[PDB]
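In this view, the complex is presented without one of its protein chains, the others remaining in place.
Chain IDs A and B follow the sequence of writing; residue 1 opens each chain.
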Amino acid sequence: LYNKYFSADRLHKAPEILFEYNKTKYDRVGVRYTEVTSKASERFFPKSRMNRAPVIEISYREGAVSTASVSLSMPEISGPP
Amino acid sequence: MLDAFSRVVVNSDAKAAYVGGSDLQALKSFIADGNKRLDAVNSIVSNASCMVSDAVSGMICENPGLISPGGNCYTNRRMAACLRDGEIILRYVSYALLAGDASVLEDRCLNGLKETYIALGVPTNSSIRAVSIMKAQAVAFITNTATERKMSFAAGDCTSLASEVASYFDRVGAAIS
Partner (left out) sequence: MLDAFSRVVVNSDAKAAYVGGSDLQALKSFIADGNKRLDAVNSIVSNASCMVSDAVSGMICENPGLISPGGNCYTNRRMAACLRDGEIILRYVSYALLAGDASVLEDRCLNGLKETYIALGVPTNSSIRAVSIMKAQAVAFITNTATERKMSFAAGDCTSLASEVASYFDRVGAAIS
């Protein structure tokens, strides 16, 4: 029993803080109230980093080494069936 | 303008409110070192998920009995719950740093938390260790002295804001001790 302090109507709700910042005229700061949602796996895989991996993209053609480029990114990924 | 931020929490309605232009200029004029304060808050919220997960796991690796049978992090339900509490406490502390005012954290989060923990059987000693790891993380990001990640800031001194988050974390342990 904890219903004195944390009632089930308000239980597990916490503020959120938001930034629309780029060093631009229309930049803002935002707040909202929200329910905190999380799952047991997160100790090693926080929600900010989870399900990201390194895509590597390389461009080349035989003897055209002056044109060559390599790129790295890490978006979220969905294995194709 | 800070009363508009407080209004949201007063209503608890989950509808977003935003400030810019003259309203954000009034906020930065009203709350001390706003320019450096907003970067200090941004440094925490940009890292908040990794902070909570590392701290919560940091309390478990030092005290593995928490995840043994009958331990208070045993089973996935309790583990998701703990990681959740970590995000809830960091949330109110990040908003107390934004306001420069601990009262939101005290009134809405720490009020009754000790008795709640005792009634649930949540170990307060281990809870204080998770909070103390988040204290060290936040101080490192605010001073940009974290060894695992550098962020971008204009040059200056931010010691007061770091010593400011220090006390706000310290209030959590002081409430639950």
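The rule we apply is simple: a contact is a pair of C-beta atoms (placed from the backbone, for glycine too) under 8 Å apart; a residue touches a chain by one contact, two chains touch by 3 or more.
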Check: Which residue, A:3, A:7, A:24 or A:66, contacts the hidden chain when the whole complex is considered?
Finding: A:66
Next item on the list: With the missing chain put back, which residues of subunit A would touch it? List them for me.
Entry: 40-41, 43-45, 48-49, 51-58, 60, 62, 66, 68-81
Margin query: In the complete complex, the non-displayed chain touches which residues of subunit B?
Written below: 57, 76, 79, 148-150
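We take it that only the chains that are shown with their structure count from here on.
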Check: Between subunit A and subunit B, what's the gap in Å when you average each chain's C-alpha atoms?
Finding: 19
